[PDB]
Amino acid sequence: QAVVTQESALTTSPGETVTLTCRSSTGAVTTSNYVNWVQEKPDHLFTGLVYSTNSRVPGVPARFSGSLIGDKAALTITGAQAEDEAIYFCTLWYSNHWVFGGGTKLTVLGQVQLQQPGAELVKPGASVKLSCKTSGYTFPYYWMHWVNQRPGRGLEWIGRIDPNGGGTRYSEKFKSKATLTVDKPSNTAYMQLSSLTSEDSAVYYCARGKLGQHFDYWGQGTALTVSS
């Protein structure tokens, strides 16, 4: 329902400081929105940088820091590097669903694995079960989220599953379309999509998380094409 707005693009130079912001259409961003910041490199390489406003994901360089500034959330890069040229997304929580910002292309002048099939091709009307095989961590200690991205459109949160208890939570838009399950013996999360139409053509990502700590590691996505 809400709309999350980021700068279209920004340009910085190595060694400089750059600030990206994340705005909520409903009012000020508070810590109750649990903003996460995720970085997209080419070849569908998403990595989480900050979770829950200000916590840095372990292993992320110290030059990344998250905070609140005025009514907005902010990602500050102090001493930017050429490798920081990428697209930066923020996510906000609204009581029961995540909403993605539109992303900021940052131009710079000058172990845990989530394995997804690269693509799928099915005729309309079919059902499919996408997979996400994990390694490098103990599977049932983390939730698994699913996110999709339609061509020319933004990231949209589908839902999550907790492998231990089994509990799921879905975005209203996807309740009739998607069902999340796990197979713990093989460290695999599944998402079943039913009665596919051409509007279901998109890249579908699995992304790791746990309570208060979401979107740190990502699969590379399954590009699903529905066509007759």
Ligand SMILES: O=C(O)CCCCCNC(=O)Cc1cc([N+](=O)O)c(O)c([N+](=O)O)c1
Second form
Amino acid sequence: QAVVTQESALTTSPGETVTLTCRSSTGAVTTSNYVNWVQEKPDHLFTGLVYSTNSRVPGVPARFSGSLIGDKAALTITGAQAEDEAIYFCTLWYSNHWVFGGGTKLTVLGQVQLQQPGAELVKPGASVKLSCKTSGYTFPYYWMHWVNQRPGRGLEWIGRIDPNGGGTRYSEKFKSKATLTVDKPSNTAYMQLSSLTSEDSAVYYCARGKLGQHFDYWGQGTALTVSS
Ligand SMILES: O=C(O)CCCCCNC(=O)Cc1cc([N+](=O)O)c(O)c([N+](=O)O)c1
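For comparison with the form solved without this ligand, please write out the form deposited with this ligand bound.
Every chain and every other molecule in the complex is listed next, the one we just looked at coming first.
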């Protein structure tokens, strides 16, 4: 029942130093929450910025930095650029599941690849198998996360799979809905969703992880529509 709270929106001007924050409802944010920061640009295009409090994802501009300040986590953008206008999400680990904050809409007044199909349209009552084909890294060395986003709702972690044995961990919401597997020779991770209803219409993302390093690279998101 943990809730992660972020500022809903902030407006900045090019060149300013701005700090976004991420609070935990049950206590101070700690290193053991392994906070990650990700950026969403149009059209539902996610990139990883920071993992595990303060590790910047290689290739991300150095103006982005993460830290813990007092009882919460913080993403500092040191000299905002016009292209930084985006939605910024944090996520915290709570013992056995990830919880996403609601995102901060930032207005600015100015090799690793995970490949997912853009969309699928499936009838109610059917099943769907969503694919996430990877390249640019040694696939068995990393887990694959899946994340859901229903219209007007927050990001929801579905679960992860470790390709060394295929061991899964699901969130409460998806523990009897999603089935994760992989095909290592084709470098592809799969998520089946069963017993589809209109409530399953959503964008579904794959995102890379591993112990201590989560959500650094994302697929584009497959928009699933469940309709006859
Ligand atoms: O590198 C080292 O040993 C040092 C780092 C050790 C601790 C890093 N913790 C995580 O990364 C959090 C986490 C642990 C899991 N677990 O323990 O199984 C998961 O299953 C899981 N998930 O997303 O489901 C997430």
